[PDB]
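Taking the form deposited in one PDB entry, here's one chain by itself in structure tokens.
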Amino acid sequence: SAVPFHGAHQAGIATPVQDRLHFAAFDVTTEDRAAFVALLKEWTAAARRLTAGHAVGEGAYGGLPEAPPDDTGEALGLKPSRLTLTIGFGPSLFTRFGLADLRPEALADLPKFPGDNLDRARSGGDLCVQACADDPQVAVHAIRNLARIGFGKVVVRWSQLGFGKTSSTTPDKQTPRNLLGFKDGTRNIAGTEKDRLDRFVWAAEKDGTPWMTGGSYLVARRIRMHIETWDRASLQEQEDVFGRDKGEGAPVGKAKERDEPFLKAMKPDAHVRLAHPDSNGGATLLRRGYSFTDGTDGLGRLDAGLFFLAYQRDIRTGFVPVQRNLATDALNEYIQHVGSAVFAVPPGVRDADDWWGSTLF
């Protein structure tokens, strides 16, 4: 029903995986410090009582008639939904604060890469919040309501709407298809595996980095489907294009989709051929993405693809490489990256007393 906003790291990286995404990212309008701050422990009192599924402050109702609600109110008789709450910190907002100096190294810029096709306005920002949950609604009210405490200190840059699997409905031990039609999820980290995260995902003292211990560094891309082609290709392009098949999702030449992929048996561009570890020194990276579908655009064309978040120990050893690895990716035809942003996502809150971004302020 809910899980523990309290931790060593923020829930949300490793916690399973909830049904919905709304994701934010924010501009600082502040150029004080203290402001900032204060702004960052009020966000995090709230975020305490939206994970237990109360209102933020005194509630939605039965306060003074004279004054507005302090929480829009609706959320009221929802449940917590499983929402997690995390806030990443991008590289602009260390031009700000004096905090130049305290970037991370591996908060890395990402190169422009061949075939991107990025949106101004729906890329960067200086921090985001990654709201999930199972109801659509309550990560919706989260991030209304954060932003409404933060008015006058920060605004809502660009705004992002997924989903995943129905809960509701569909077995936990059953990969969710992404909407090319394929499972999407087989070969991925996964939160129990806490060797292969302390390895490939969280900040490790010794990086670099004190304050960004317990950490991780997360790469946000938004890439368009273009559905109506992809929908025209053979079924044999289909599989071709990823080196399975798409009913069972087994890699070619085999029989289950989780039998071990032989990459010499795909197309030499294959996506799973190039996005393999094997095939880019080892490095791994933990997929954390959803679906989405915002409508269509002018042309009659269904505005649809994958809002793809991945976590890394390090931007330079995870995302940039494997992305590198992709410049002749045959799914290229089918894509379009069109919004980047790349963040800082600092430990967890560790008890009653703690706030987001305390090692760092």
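Numbering follows the first chain given and starts at 1. Superpose the two forms; the largest set of C-alphas matching within 1.5 Å is the rigid core. First, how it differs from the form deposited in another entry.
- Put simply, after the core is superposed between the two forms, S167 is the one residue in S167, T186, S279, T95 with a Cα shift of at least 2 angstroms.
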Given for the second form:
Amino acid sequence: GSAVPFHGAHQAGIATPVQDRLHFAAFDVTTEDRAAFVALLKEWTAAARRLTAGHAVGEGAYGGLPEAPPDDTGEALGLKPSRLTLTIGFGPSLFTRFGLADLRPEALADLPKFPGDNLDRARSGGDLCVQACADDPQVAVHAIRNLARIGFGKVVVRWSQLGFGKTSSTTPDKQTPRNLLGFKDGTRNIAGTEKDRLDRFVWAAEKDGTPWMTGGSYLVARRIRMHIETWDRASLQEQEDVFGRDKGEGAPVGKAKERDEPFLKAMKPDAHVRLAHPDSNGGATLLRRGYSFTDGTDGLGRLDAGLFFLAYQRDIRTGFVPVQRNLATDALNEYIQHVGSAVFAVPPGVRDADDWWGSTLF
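Alternative state: the form deposited in another entry, after the form deposited in one PDB entry:
Next up is only this chain, free of partner chains and other molecules.
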């Protein structure tokens, strides 16, 4: 229930241990006033400082003037900080505004069309995003709700996504969670202690060619529907062939323990782990940080399940794109479909109580 420090060279919510709950919101900007938008950014940062510490935003949830609405909507009163992190990102469409065209980073690449893509334009894109992660879903909702409220008239929510449970790990010393297909997800990720690997693969460096992004990262978000009816009638051998790990232990095929190193030649040629592995992609490596979701039924008598996939990388062109291209022949494609997509530039961290979100850009 402890707090995660909000200030740093990097934003929390990336290398941070993965919290149990996600509330992800993408916003469109509805003001042309660059000065108004900057004011919003400073205001949102002040609220984030309170929220991540478990304090009410503004002057609190009650005790103000009786005839004025409370500053804080109040549903997180009495709750601990619950490891809340708030991570902000800027979509490519934002750089068409406030005369920011020349500042859009090369590494913020538009994604090409991928085979099987069936993207819903209304749950894709967005001028910016806020990733709220916490162990308590009420805490995450309260944060998004109160940010949107403060931004009323300058931003609106385009689409949002709640994840009821993580399917990723930045802490290999703790139990690896399972996704809704029943497999451990997160074994060979990048850990928050591997500061060398984070520099090489996650944080944008100054020499990369966009100085304001130094210390930031780039985020790919993909909403992926799972065909659980199809999956649930496949044999155990089929399911394990698709991945290249056994279902029970999550060990690479042929080996005994989850964390034994995969021997790719023993896997089927179209096995997910074989195709995604850095060694098959010129060393391309990703920080995976996704969550499971279910949004009711599909109206055809079945549950509707999926995975909200999130990846952080130093350069979308050298991270997500090569690996996703290599999955064109993935055996997993038979059981999933990508139905939403968006990319963001995640700026550097808020360095101290004088700094603010996006200060290096504006």
